[PDB]
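Okay, handing you the structure first.
Note that this complex is displayed minus one protein chain, with the remaining chains in position.
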Amino acid sequence: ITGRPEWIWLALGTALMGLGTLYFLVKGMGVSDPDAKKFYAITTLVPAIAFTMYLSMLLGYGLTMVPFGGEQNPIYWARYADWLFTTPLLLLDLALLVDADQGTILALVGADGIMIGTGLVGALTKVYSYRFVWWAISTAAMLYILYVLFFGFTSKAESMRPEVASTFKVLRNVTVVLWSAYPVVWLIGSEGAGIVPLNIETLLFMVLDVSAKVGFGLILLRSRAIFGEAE
Amino acid sequence: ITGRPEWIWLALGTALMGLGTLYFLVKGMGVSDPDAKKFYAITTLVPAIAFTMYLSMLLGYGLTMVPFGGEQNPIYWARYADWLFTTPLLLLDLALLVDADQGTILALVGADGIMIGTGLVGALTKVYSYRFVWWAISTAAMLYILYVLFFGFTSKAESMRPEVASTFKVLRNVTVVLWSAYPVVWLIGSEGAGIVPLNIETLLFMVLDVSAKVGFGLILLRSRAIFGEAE
Partner (left out) sequence: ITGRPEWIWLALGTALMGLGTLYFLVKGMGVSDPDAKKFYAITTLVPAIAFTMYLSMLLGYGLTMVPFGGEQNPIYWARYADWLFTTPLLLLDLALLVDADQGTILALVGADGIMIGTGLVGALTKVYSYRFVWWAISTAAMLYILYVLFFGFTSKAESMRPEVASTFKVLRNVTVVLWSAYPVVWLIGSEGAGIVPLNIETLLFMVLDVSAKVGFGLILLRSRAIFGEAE
């Protein structure tokens, strides 16, 4: 484990995702509202999945070597197995908050799968220049997601209860800022141009992951928007 | 790329799926009917997924070598990753058109997963004679799907609006004819008996894919069956 300088950030990430999972699990014990139960189930699964994948990276299972640039490059593939399941769950939290229609939910989840799937292909591609073709396709899929979150959901939240509109607006802004950083870290990190070393890259993804999952969840599960209007 | 004679058909397929995706995306911009939005989302995702997998084959990522018959045989595995997601989406288009019940939808999607999954196992199997055992199981799963589309959905469409009944009947006939060709191309192509060479096999799958996805989508999204009855 300790033979890799980035191990400290993988261990911290593992701990923070595990602690986040347990807090949400305990906090959700005393909840019977069927609407609130939906948000607790979605939001608790997110850091639980991330916990297992951070642990796999810490123990060395989620790491492979990819030859490109005449070098064997360490690629943590477990990140994409994490994101494949956690990013659509996070979008479902937002879509259920605004009572989005089914067709829009399917478009979001499908574009998200394309985003993560093409990012994985780009991470494992051995022809250096082709890695950035996949990065560009994946980034186009992300821009579609961000467009929908702004010019489809925002207008839908305003016609909703005030507390669900204000909570959505906050979580929307958090998501757009944090998610946009991921393609940048990829491009300048060891998967892309190799400007930033792997140990610093790992620290950046850990800050982003914890903020986008545990920070996101703390804002959502403390809001009254997750409960139905009741007397 | 150009070192493979089949590259021209992979490049054409990539272009036609990309163009198809963009047309459906633009055409769906001016749509607010929640029913129509469902069909546009399903139908636009189909060629978008196929685009990415054709590109992976063009660039050489979606290709592996499988030893059988005393030879290293080029097997494009990316086809099955495509079909795993696009064939159930196409069946969902048909099932939603006739307002099929949930139990029937699950049976269709499950049989479809078995069809594609066993076809993938057959494509990667190293014992030559066993490849055709998997082909037979996969073909049995397809025949179940075709039976349901005829002796379960057809009777359901007649009790529906006339425009949804006539549109379903057309898309049903297109699907049964085109899908039935796939097991035949597999059997006589490089995955099976090896009668037809890979470059011709690739041309045939490209014609079938574009017809079953973009041609299918053009018929559906030009129909009024996708809109609810409104004044």
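Each chain gets a letter, A and B, in the order it is written, and its residues are counted from 1.
Following the convention adopted for this analysis, a residue touches a chain if its C-beta (ideal position, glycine included) is under 8 Å from a C-beta of that chain, and two chains touch if they have at least 3 such contacts.
Colleague: Among A:40, A:54 or A:130, which residue is in touch with the absent chain?
Modeller: Once the missing chain is taken into account, the touching residue is A:40.
Colleague: Which one, B:12, B:96, B:121 or B:176, makes contact with the chain that was left out?
Modeller: The missing chain is touched by B:121.
Colleague: Which of B:5, B:34, B:69 or B:110 touches the chain that is not shown?
Modeller: Per the contact definition at the top, the residue touching the missing chain is B:110.
Colleague: Extract the touching residues of chain B with respect to the undisplayed chain.
Modeller: Per the touch rule, chain B residues meeting the hidden chain are 101-104, 106-107, 110, 113-114, 117-118, 121, 124-125, 127, 130, 133, 137.
Colleague: Residue-wise, where is chain A in contact with the chain that is not depicted?
Modeller: Within chain A, the residues touching the omitted chain are 34, 36-42, 44-45, 48-49, 52, 55-56, 59-61, 85.
One rule holds for everything that comes next: only the chains that are shown with their structure count from here on.
Colleague: Could you please state the distance in Å, as a whole number, between where the Cα atoms of chain A are centred and where those of chain B are centred?
Modeller: 30
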